[PDB]
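Enquirer: Spelled out, the chains give:
Protein chains: 2
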Amino acid sequence: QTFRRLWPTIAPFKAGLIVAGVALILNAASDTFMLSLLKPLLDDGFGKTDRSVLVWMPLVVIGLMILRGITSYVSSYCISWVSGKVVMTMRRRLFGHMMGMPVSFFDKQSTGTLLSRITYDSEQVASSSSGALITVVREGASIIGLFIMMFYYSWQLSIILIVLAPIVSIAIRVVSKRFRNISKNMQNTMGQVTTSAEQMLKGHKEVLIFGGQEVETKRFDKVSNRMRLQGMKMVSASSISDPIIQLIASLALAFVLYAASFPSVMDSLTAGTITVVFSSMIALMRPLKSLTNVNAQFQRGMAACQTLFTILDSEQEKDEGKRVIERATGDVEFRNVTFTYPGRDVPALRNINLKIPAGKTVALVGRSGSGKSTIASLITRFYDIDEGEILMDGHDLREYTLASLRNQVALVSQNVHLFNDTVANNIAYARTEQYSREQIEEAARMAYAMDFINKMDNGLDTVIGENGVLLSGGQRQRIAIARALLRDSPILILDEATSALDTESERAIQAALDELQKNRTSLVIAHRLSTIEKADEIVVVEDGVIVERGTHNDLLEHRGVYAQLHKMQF
Amino acid sequence: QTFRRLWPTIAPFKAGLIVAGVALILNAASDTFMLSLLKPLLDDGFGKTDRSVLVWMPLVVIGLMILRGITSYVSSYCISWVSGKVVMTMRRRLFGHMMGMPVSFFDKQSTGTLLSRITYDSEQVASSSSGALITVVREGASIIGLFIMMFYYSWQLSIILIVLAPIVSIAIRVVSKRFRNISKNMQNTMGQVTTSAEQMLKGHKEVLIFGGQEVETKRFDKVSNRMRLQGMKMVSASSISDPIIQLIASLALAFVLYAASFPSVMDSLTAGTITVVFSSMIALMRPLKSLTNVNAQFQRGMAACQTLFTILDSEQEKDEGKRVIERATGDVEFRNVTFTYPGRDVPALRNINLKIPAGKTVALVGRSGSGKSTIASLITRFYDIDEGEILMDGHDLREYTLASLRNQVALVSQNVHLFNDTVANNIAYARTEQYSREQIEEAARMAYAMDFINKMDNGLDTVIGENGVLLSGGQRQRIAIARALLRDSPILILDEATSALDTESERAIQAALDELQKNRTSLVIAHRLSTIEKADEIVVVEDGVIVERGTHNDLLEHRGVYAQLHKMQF
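Taken in order, these protein sequences are the chains called A and B.
All you need for the deposited numbering is the position in the first sequence, starting with 1, plus 10.
All you need for the deposited numbering is the position in the second sequence, starting with 1, plus 10.
Hints in this document: simulated from the structure, not taken from any laboratory.
All the given hints hold, so there is nothing to weed out.
30 Å max Cα-Cα, derived DSSO-like pairs, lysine-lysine: (1) A:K118 x B:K215; (2) A:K243 x B:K95; (3) B:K465 x B:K544; (4) A:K299 x A:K49; (5) A:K528 x B:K215.
The calculated label-pair distances, taken between Cβ atoms and stated as ranges, are: (6) B:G570 x A:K544: 21 to 31 Å; (7) A:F265 x B:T317: 51 to 61 Å; (8) A:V479 x B:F265: 51 to 61 Å; (9) A:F265 x B:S126: 42 to 52 Å; (10) A:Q11 x B:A21: 44 to 54 Å; (11) A:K544 x B:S193: 53 to 63 Å; (12) A:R188 x B:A21: 33 to 43 Å; (13) A:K243 x B:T317: 22 to 32 Å; (14) B:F189 x A:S126: 25 to 35 Å; (15) B:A21 x A:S114: 47 to 57 Å; (16) A:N363 x B:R408: 51 to 61 Å; (17) B:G570 x A:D355: 37 to 47 Å; (18) B:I80 x A:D355: 52 to 62 Å.
So, partial list: chain A residues that the calculated Cβ filter (under 7 Å) puts toward chain B: (19) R61; (20) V71; (21) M75; (22) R101; (23) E208; (24) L211; (25) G213; (26) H214; (27) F230; (28) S246; (29) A281; (30) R416; (31) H427; (32) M578.
Don't be surprised by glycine CBs; every beta carbon is placed ideally from N, CA and C.
Turn these sequences into a full structure, and let the hints steer you where they fit.
Expert: What follows is the structure, encoded as structure tokens:
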């Protein structure tokens, strides 16, 4: 199908696959030859009692089987090359566009889901399609050869096995299709009953509150009867596969033997020949069963790969040309802005009109649980501006190249991630360049992480173990403020709540904060009164419709939603 | 192992596994018999040229394979019985004690995680251990047969295979242990690197701000290279698994043939016998690879069983047998209460001397994240009384058990899980018993469920899809208040935050509240603005020290954290 959309991502490796095929064919070649050894064994060897060949057989079997091995060795190792390399390029592009997809892919889908997707689906594509080639080629080496085996030994028994191969293969395809059907149509009710039990368990809370234990026991019981019965049918039918197959398959043997009379009535065969024939037939029965499942495996793989491609074929954050940005801007403004964090149910914000000029410290007071961080996250333009504009010193949203834009903002939230690295360089995500070690380490110490730098393991370049070891929320917050001291955003913002208070820590923190905000705006998530009033100014968060522009210095004289932020909302 | 702990849960089905055994032993009998049948063909059939047996035998093949079939039929279906029955009983007890873990114990795992645990671990236990018995019995039977087969043929090659088969077994056990070791060590570092990439993902926003797409791509690349390499090593070894084994088996075949030449110096065999020998040997080569991984397989099963039994071997919620609970008003009054919602994740509450007399309406305002519901939900003792008891009408909570207590109180929250029944009954999960369908349905529609229950599919006794829960949060709360109206627990507590709902729906819900708050106690999660005061009594709490709350009169009397809240902070 869509191997096209894959072949490039295989192409510059294709040579490897080729290698595979070669030995792979040899592999099943070995198979045939082993069986071939029967011919000299039985008729030529024991019939003529030529103890000569009885010295061939041992050694040649050993050798051939070693060939089977060394093939399997290299087949596996080489398909491992290509599979790994395919996984590699796949996860690479996926990584890339992932870091290109807007916050949606993290909004609509959860991290665990994506990571499962990467690892499982990539390696599934690889594994599946690979094994597809493996079987396919393994079947080619086996079937085709075994027919040639028959050929030299007996035109007749061959002819018959050939004319019958359609019958058996068709029967296999038939039963497989039947029982795919029976195993597909189930999934609906399968998920039905499973998810039913799921809701049961999710509701045990309300259950026990309402004292329905006796009821939900019986409900569990009934749905579990449904469960076990479903399982019964599933395994029953799907297990009828092998019998009927080998049943109808066995008939083959019958005809062969049934019609083995006449050609031995022609005295065509001798014992060894016959043994080779029937052996070979069974050998054939391994890959015949395989082949239908082969097409199945293509389907599984390429399906998951289409899931992939969709995740790729999703579109990154779109930009329209906005290059006009440096590291000193000063003011931000919100005209008539709307956003929708959810799908459509709860409007996030609406016709937001805000104005944070230089130095205007701000603390988010308003609709508790309106995702106040969103407004900051809107300054990040993490979302697309459904209406209005962010006039950041006279220029609109779209006169703002995303690169320098997001470079020009700093956020120190409560919960900060880092990466497994020298914590110093983790501060230095800003290319670790254009900020020298003196700058980095000194300022970082100067930025009040000193008990987290000099006292921690290895002091100056304290390294991370398992991504920050056990660094407190406060540790990471300090580290981010140190980043701010390093990056020195033209506009500096952060988020601190009522989590914890170590006097020196947050005191020197807020000191550095007002250092940053010197003639520079700032926002902080407001749940602490201490952070609210230790700085100068405090704002509204007008409950979805923020027409209000300004802090205490502005929203004090107006007597706006400060009524609610005094008595009814905060 | 823990079979001691599981056998009884199988005992009353013994006969199943017994039929399993007899059938499977027949399966091996069929295997062996066909292989035996191979002889008369070769020695008598074509050697002595007796078309008689050329006619007899083919039919025998058909028959024997029919036996294979029907046996696999019954084997599968019988193991299906026992497996399903085991799954059933297991899931049943797991439901039972799964109704015993405290709500935390419910959230100590994720709901989905426990559901996976039920479904998977149950069917894993069965499937695994069952197939273990399958392998043991069948494969052992095939071995024993094939040895007997050899015996009817030749003392000699038998003896030699008996000397050698242990060595084969040794090689297999050896390589399996080596590569289990390698796989475990990998698994460790595997988790390391995979979780590393996981974190790398989970922190987009940080990077997209700090603009390090290059840095990620590089780190992604390195860790993914590690990934491909681990893949390489894993598949490499696990693939070397087979060929060495088959090489050793090859060595077997070889020395078999050497000591076939030597009793050919004795003129040992005839063609048929010869063909039977090695054929049988390979037939054996399937089940040895079986048996080793067999003694492996229990562990997977029995491991997940231990997981299960532990989930059983948690303690159902403690009880006090105090009982003596009025189905009447009583008086709800916190005293000295100091608890914690999680194990220790976050500090919750301290010294709660809260008094709510009979009929005193209360709201829940303040620390957004103080588990205001958890106060109510702990009137239900969702956790234990860590310190400080609630004197229920002169009786501590500890002075009484949970049974009627939890029945004696109601809680109309925002999100009431419903269940797959005639939703008319869904109101009365506990003991639909003489409760007049007139009374039930009226009170429901009397309780302003009428907005939709009048207009739901089939009218009075409607169900819907998804367990009859297709209703919105609005109809959810509606029917919940209706439930309160059915049980009419003279103890009344509710939970509505009218910050979020439609206007007309809100009109209906407030009217219904009026219809239900007749002289009755009341609490409400107050993230609301207006309906906080429709009942004229509003209050607030932070800091987890609830000594002061209650009516508006009590709001006026706080003069501590809470008066300061409703006058400056909430």
